[PDB]
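Below sits a lone chain in structure tokens, taken as the form deposited in one PDB entry.
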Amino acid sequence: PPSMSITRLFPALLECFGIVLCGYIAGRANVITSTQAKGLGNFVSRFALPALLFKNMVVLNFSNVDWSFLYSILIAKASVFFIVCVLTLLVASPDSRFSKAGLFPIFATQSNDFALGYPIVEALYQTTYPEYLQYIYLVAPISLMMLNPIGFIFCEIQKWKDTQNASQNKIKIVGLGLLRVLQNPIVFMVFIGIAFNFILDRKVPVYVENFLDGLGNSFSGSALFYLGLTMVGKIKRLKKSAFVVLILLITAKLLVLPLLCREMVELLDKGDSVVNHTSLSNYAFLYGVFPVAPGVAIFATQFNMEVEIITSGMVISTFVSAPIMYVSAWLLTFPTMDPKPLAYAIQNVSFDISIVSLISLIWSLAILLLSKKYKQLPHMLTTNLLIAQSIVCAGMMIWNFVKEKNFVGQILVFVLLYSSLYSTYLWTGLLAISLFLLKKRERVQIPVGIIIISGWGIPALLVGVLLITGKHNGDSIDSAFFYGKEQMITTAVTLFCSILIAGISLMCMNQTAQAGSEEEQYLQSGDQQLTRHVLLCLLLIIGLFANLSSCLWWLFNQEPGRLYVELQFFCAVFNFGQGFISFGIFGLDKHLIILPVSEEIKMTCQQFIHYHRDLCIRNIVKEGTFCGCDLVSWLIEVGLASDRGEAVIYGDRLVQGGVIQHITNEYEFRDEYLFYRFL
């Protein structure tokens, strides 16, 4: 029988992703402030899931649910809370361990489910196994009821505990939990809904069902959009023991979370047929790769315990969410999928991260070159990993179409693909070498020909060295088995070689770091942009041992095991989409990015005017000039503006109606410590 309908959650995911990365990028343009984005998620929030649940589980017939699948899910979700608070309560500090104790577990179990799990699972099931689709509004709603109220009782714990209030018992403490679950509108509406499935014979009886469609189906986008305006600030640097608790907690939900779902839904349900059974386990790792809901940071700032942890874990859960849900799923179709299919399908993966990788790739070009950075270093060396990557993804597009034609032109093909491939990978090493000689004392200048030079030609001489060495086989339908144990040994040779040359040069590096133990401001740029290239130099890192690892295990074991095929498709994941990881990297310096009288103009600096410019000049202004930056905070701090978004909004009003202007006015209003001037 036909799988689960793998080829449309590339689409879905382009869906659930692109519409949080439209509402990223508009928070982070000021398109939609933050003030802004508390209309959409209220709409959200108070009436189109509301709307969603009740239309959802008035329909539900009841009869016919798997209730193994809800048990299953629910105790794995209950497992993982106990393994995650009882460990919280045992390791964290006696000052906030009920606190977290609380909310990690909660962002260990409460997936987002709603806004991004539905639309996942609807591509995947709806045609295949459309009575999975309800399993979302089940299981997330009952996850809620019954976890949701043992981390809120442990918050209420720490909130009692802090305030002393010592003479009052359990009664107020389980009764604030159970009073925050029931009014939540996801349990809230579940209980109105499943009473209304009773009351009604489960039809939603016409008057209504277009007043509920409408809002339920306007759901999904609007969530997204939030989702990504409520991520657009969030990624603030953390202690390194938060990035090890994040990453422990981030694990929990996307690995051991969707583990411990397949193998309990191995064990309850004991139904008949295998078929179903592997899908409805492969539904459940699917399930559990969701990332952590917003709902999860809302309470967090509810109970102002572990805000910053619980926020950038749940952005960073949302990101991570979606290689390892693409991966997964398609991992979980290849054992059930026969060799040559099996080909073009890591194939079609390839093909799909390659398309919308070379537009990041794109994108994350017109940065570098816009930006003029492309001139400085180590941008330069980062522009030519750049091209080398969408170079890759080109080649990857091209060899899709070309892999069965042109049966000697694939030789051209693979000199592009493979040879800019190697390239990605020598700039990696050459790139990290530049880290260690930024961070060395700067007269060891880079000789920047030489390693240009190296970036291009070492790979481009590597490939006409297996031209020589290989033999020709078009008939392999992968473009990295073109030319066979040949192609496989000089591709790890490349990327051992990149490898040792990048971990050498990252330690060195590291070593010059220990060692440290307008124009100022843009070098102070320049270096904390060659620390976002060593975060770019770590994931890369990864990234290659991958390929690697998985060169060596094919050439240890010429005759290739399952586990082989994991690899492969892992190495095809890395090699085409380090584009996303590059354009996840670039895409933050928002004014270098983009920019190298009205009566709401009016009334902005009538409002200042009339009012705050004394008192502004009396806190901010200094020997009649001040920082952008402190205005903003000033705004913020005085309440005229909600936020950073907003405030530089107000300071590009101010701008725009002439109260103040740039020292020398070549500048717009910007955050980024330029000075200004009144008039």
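Positions refer to the first chain, counted from 1. Compared with the form deposited in another entry:
When each C-alpha is placed with whichever rigid part superposes it better, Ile391 ends up apart from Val320 in the two-part motion between the two forms.
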Second form
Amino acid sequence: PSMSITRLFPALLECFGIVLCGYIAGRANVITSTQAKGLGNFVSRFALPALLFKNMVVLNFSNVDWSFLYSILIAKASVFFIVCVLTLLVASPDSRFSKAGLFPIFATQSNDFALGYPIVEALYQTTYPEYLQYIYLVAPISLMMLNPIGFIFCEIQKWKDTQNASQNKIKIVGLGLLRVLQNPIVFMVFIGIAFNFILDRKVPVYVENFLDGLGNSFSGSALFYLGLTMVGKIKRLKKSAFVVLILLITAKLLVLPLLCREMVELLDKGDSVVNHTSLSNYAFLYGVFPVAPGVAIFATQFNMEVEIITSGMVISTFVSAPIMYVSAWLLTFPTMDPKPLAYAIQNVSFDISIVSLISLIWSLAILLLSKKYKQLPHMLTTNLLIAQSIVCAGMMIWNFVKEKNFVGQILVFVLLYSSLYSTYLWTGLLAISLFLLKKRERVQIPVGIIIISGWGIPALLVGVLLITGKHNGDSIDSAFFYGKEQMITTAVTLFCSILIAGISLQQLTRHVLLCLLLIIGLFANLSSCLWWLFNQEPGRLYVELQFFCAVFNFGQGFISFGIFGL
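Counterpart to the form deposited in one PDB entry, namely the form deposited in another entry:
Coming up is the bare chain, nothing alongside it.
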């Protein structure tokens, strides 16, 4: 029904493929600054102002509800106040104000022009078109209110750095207001409002085509420039920097969306509860948008804490996408029939599987071209990577052959679950290898025996499950292919693997990092299995468990890519 979600994934792929192409183009010393600077000038001075002006001429203020605006603005203000007061309380008075001048802006100003707008357009085109007009009401008005406080704090920092007592508060406030008014967004929004008042909701044809041509390329050009502006800005930092960065990113992506949603339910008191639900979903989706590079521009202008802000913007840009996907899907689950839940879990499984598959072949190609697998413990890691690649490929093939052929279906199921159980064991097997390496014992490692074990017990388990189990082909999900017996064998496999990892627990640090991260997902799957078997009656909690289990099962390659990929 409402909230057509199938269009979200292609939009995310488009929006990140453009950024990736821009990044790699600059990376390979192909594009130089000259045209890149020209591209940035075109985006900032011509394309974005044209888009704002054309979308601001046609607004139809007479039927625009302001409850959403109040909710979003006050929630942003609440996060702003919380972060600002915490920064004032915590930061050392040496340069505390500087922090308070930029840090709370990081959690409030988003990239809702270049990134968020395509996403909401894909999500809300044929369902709620009017939501699209809210972005241009939310992004500038916030810049009206919250950011001038940041500028005046930065100016206080600059003044105390200069130690010039002659300057009064009037000068500082004036400089801050001059800085905030100088931005193109402010005065172009004002000009748009003035022209909307003047022309009585009419667009000149002589310039309408010019405005459309200038504004249509803005999204892509801005995405390409953003990709170009991330080539060499991420650098190693200290532990305190890492901690404060994690807190900032969690404030942006975890606190603000929840406050926005809750205040949306609080303020709004209209009927037709479906529209209230849609507004809440839209507010939460708007909360999770990334951080715009405008804050990085401000920091560079002020020449203070530039590297922290830049690195945070870069990292949050990438972190936004998976959170966006999982958030959209999990909010969409409650208003769905169980069979659509099965189809949805198949869709998310296929999507994560293809992306993780690309990551996995990239990592495997790097590893094989390294020729570093011939010594311990890299060959076992290669085996695990191959098992993950095969499970992803089997997931895609199973998605295609869910109701295509019979013998093909059983062979695909056998291959997929043999690879799945192979990864389940190979976690604990790597744990054993690491533990025996910890012993520092000059004893030969049965490499042939250990590999044949790791690749032979899972196949034997699947085979005995097939022999003893009963075929049940009416279940969409692959877990319920055979029934209780498959759940029992998966549960005992998980329990054995977790026991092995717990008893057990040269780049050993990365290996132990992987041999710690995989096991949280191991407990997740085990808990889901025992939840299903013990709780025969369905409670209102296993849906998120199923979604998380599917995510881990088919995207576990991302952990290996992150650790053993650079």
